[PDB]
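The complex appears here without one of its protein chains, the remainder shown in place.
Chain IDs A and B follow the sequence of writing; residue 1 opens each chain.
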Amino acid sequence: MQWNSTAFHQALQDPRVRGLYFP
Amino acid sequence: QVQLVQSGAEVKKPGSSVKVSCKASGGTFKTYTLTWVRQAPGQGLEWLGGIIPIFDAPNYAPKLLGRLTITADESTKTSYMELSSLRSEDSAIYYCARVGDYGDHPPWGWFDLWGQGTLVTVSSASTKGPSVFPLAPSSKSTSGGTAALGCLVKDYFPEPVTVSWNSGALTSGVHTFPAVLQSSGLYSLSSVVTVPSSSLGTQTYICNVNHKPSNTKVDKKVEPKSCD
Partner (left out) sequence: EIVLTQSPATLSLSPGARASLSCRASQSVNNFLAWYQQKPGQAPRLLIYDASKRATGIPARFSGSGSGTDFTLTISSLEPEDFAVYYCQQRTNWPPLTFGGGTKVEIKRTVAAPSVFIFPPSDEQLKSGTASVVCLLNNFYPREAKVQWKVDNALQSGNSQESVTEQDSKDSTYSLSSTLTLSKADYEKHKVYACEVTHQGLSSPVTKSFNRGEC
């Protein structure tokens, strides 16, 4: 299925993944 | 200072596909830079999709999933929107828009710069020039007062048509109406002007109609109808 905002922010719970958006 | 320039109008049959482009004139450009939105005639804005940064993941309106593809060529700073299996309700102006910074809330910022729009018409109709008919001033026009006259521009496809009066010299009193789509699938509009009743005998009033899609231009002089 498509990604969605719930699943996306779940993925960003990982600090390294969140860090991709704040280098 | 970055500008977004979209490709030109498209006319498509149901079931076909369309690919619209949007080129940025400069600035930093990634595949995620440009999102697509559309607006059907007289309706509001509908998000089509965009690209999630870093993952470079296209994300689409659920109602178009499977039919819509957004891609981008970073080397040419161009985004492409391809919509297939077209339906009449896909008729709309399609806009590209730059997504701004997302702040602390990825993946989307706001739409801070827009292209000029691309008209896409989906219809079974075929190109056809208009017939132009006079809207003649009434024989009961108030003496020394104001008379209305016009041209009916009927049964053409696709949009647009332009109308001027007297080769552009006459703008006082002109109203050119938005076209209506008829159940036949062809468009029609009228253009009217109000003029001094006392001028109806000596001044010429000509509507200049141009339907570029069919290479049809007509100039019609409109005068009071003669009795028998």
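Criterion: a contact is a pair of C-beta atoms (placed from the backbone, for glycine too) under 8 Å apart; a residue touches a chain by one contact, two chains touch by 3 or more.
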| item | value |
| --- | --- |
| Touch criterion as defined above, residue of B:138, B:199 or B:203 at the omitted chain | B:138 |
| Absent-chain contact - pick from B:8, B:26 or B:62 | B:62 |
| Residue touching the undisplayed chain, where the options are B:179, B:200 or B:207 | B:179 |
| Hidden partner interface residues of chain A, rising order | 2, 4-5 |
| Interface with the unshown chain - residue positions in chain B | 44-47, 49-50, 59-63, 95, 97, 102-103, 105, 108-112, 114-117, 131, 133-136, 138-139, 146, 148, 150, 152, 154, 175, 177-180, 182, 188-190, 192, 194, 225, 227-228 |
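Heads up, the rule we're going with is that only the chains that are shown with their structure count from here on.
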| item | value |
| --- | --- |
| Averaged-CA centre spacing for the pair chain B and chain A, given as whole angstrom | 39 |
| Chain A residues within the chain B interface of the complex | 2-3, 8, 12, 20-21 |
| Complex contacts: residues of chain B adjacent to chain A | 52-55, 57, 59-60, 62, 65, 102, 106-107 |
